[PDB]
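The chain below stands alone and is given in structure tokens; this is the form deposited without this ligand.
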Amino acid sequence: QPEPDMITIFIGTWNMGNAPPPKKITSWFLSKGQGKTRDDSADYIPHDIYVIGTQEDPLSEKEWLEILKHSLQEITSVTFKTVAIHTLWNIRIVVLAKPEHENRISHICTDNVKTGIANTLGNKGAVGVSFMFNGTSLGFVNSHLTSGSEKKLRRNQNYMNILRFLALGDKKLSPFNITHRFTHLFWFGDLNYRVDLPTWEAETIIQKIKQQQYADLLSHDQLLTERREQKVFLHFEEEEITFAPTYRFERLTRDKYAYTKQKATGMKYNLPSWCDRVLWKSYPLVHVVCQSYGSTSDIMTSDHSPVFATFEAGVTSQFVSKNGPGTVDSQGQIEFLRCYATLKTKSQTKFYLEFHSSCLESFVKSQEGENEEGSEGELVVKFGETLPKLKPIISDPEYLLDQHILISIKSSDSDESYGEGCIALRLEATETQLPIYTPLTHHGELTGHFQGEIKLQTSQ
């Protein structure tokens, strides 16, 4: 039985509006409705992993697992295994996998973050799950962010709190938040970003939706506009949206958007919006292709429609050689030439680097770099040819070229990371000096850059 080099992942997000689901929700798992939909010829082909995020979920874990497993069984005739389930208030994540994957999945982690203080702490936040699938780390975040058209900044703040404080993945990666811990990170939920147009334009918006003319609406979608101004979700991707706004519907039909202010909305308008979203971030030069992104048309118990997205994701095998794991492979080395960090910090401390990778027995600390002043005000930290030679556990190029090196630049004075990034070893050549580059972030905000050259030696 060969180990896979690709899997398919289903991501679902549904705000259930505190109502039980209808008797049939199979269209969700089949990626059928509006948008980028899945070919009918694939309907019986199970995805490898199904990750279901709900918000305003009124069901017990048991009740929802029942419905999910029986839905997938009906579609695929496969009885899925429960990998993980985690609930914060009415925010829930379920991970199901094909039974053949049970012994490929390990290191399962779950966590939650509650957003806001006092007033604003009590129902919003995120749940998440991570695990290893053979040699590949996978993370999944389901967030329900702050509601309301005039709270996009609160949503951005909720995002930064979730990525700082959600404790998933390898705890040995101590300088790195969830946006660097995983080969593939999927972040979905009722993100609650709105179409920012005047209230008086509600009927115009509805008209545009009926004509399937989304362009003048997406140009005002707060998540796209905040992303474009680097205010949120820096270095995440989203597939093009080709489905109608998924909020706010009258229940039991999809023929009507309910946008007018009511006591029940706190006298707020809910103009039709793409509240319900799926984004991802994968390490550089790893295969990840979105194969569906849309909304169902036939599930109408909630004022939201379910959203689906599916992905092809590259995975690697759990590599064993004669040497590592348990020792180094002298035939392998990673060298860095002419490297420097460019930092936005106004501070003057010395900096050193940390290299972290599962291709190393443990993380590697560099000597301090030499600070110089950039021509436009910047701090430039020069490492020249001074960076250590990294000694991987396995030299086989079929392993080593699939790996990644996480870099943290840390203050000598405080040992706090000022910036984190990631370098792919999927090089055009071995034994050859080649440019490398990563942006550096801290709390998911841009803090600088790291660039230089790499020289990778493999056994070939």
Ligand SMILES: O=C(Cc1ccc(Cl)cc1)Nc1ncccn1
Contents of the next structure:
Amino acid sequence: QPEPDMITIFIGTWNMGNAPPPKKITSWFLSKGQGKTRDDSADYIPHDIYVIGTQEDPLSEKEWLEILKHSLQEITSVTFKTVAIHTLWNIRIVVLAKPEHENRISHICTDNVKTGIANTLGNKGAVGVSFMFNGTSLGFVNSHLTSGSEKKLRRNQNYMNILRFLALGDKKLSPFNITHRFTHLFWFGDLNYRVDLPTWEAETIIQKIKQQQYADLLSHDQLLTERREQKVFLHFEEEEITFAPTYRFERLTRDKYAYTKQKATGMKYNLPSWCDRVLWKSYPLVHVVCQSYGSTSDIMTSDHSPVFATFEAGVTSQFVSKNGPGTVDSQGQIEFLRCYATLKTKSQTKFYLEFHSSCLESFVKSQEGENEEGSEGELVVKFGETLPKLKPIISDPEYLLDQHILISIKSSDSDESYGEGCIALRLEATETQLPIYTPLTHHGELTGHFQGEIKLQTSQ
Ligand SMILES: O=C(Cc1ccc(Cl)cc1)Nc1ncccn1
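Output the form solved in complex with this ligand next; the form deposited without this ligand has already been displayed.
Below: every chain and molecule of the assembly, starting with the one above.
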């Protein structure tokens, strides 16, 4: 039975509004309703992995697991295995996988982050799950960010705290946050970004939604505008939104948006908004294709509609050779020519590089680079031809060309990372000098970039 080179992943996000679900929720797992929906011809085909994020979830873990498993069994006639479940307050993540994947899944991690301080600590934050699927690392984050149209900057802060402090994936990757630890990272939830239009336009917005004319609403969506201005979710992707705003509905119908200020809303307006979202970030040149992104029409117990997204994702096998793992394969090497880092820092410490990859026995520290003054004020750290030669555990190009090198540039004075990035070994040629490039981030903010040339030697 051969190992897969692709899997499908279902991502769900639903703010349940503290109400139990209706008896049937299969439309969610089938990607049926509005938006980019799944073909009917696929309905009996199980996804490999289902990741369910809920917010304002009133159910016990046991109660929700029974509903989810019984739902999937009705659709697929498959009894899914529970990979992980983690709950912070009323924010929950469940990962389910086909039984054939049980002995492909390992290194399961869960964590949570509580956002805010005092007043604003006690119900918002994030839960997450990571694991290895054969040779591929997968991370999943369900966040419930700060509410309210006027609090976009609080949401951006919540985002930075979650990606700094959520402790998932390989702890040996110590310079790297969750935005660099995984081959594929999915981040979803009630992100709570709103359509930033005047209150007086509520009925006009509703009109536009009834016409299925979303363009003038999406151009004011705070998440799209904050992402375009590089304020949040830098280097994440989102599929085009082609479904109606998923908040705020009158319960037990979808015919009415309930936007007016009420004591129950703290006298705040809730103009129709795309609160409920799915984004992802995959390592460079790894296959990832969104095959659905939409909302259900028939699940009406909450003031939010459920959102679904599905993906084709590239995966690799757990490779063994005569040599690695447990030794190097002298027929493999990775060389770096004409390399330099450009950093936004006002500091003047010496800097060195760390190279981290599961194709290495352990991470590799470089010598210090040579600082020059850049012509526009920036710091340029020159490595030239001085970077060490990396010795992969396996030389077979079927393995090595699928790998990635994580780079941290660190202060010699403090050993703190000033920037993190990632280089793909999926090159156009071997034994050939080729340009490489990554942006550098720290705490998920842009801090610089790393560029130079690579020369990769494989067994072929
Ligand atoms: O339970 C797991 C991890 C796992 C892996 C795959 C899946 Cl589909 C579900 C769970 N390991 C384990 N095994 C025996 C005793 C204790 N822990």
